[PDB]
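Quick heads-up: it's one chain on its own, the form solved without the ligand, in structure tokens.
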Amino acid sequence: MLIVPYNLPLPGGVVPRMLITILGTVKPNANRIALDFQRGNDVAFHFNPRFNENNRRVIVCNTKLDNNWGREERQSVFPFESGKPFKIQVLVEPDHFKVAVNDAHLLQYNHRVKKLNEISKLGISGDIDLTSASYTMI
């Protein structure tokens, strides 16, 4: 019920205890999903499930500064399935983003961009139907 790519403003940036919830369904022949938390043109946190990287499924996380990507962090645990509904929750903690998928902890990504109050947009793109995207404080 939302068009993709979708831009979710995060007014005044992110803060610890902010919880972002994304609901949708992975398309049948998906290749990728991406969440991009942006500070202007920089990408503070790129979360990128890849369904076919050399015939493996992997999640890649990274940061883009001044148009250059940094050191990737990869993990092999892959909770997504083509064609099925998902829930992603991103909880902002003091020293990392914490990601849970379908109510199970997936990964943490330590803050490389330290001006959290300038991370003011979340872009959501890739091979999904997007149902809802929202945030709250816990």
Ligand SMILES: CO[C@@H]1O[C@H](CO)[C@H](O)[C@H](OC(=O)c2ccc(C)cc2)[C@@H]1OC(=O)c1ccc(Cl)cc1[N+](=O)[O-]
Second form
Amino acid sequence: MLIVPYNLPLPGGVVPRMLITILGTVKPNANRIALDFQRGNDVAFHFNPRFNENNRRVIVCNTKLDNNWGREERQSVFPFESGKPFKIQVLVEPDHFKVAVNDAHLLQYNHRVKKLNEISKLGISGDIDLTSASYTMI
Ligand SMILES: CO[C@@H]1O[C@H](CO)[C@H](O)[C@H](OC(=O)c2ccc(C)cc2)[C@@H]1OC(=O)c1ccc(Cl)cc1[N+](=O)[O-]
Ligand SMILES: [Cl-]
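And the form solved in complex with the ligand, for comparison with the form solved without the ligand?
And the full complex, kicking off with our chain again.
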């Protein structure tokens, strides 16, 4: 497996039609996972499965600007399971990131950070064994 936390450079940032694919396996007894699409120190798109928030499983998404988290967007549909292999696909679209897990649409996150071509790294962290992280233009 790739070492977590893992940094995937996104050369020249992101652009519509860029598809980012993450393959990994959730650890046993997982607590949290994060994908962080970063513009320097800012986080344009934080995608955070939480396995135990008040004994509920939720995906939290947010943006971090000048070290401040903004308004969370929450999705109760929770396709991850401890111990199991997953595929996360993040397709950049003109006005949002579109996320599918295990080939099923999960959520979209509208662009708050406008300079897409400066969102130049993806950080992958938390309670996974990371198998691969890659991108392709579709
Ligand atoms: C207020 O809390 C913060 O909320 C932000 C979103 O608004 C981020 O989600 C932060 O995430 C991390 O810092 C972060 C996320 C994932 C990794 C692997 C590493 C770091 C942090 O979340 C928690 O501290 C948090 C609060 C309550 C619960 Cl139950 C779980 C989390 N969490 O997953 O971090
Ligand atoms: Cl911006």
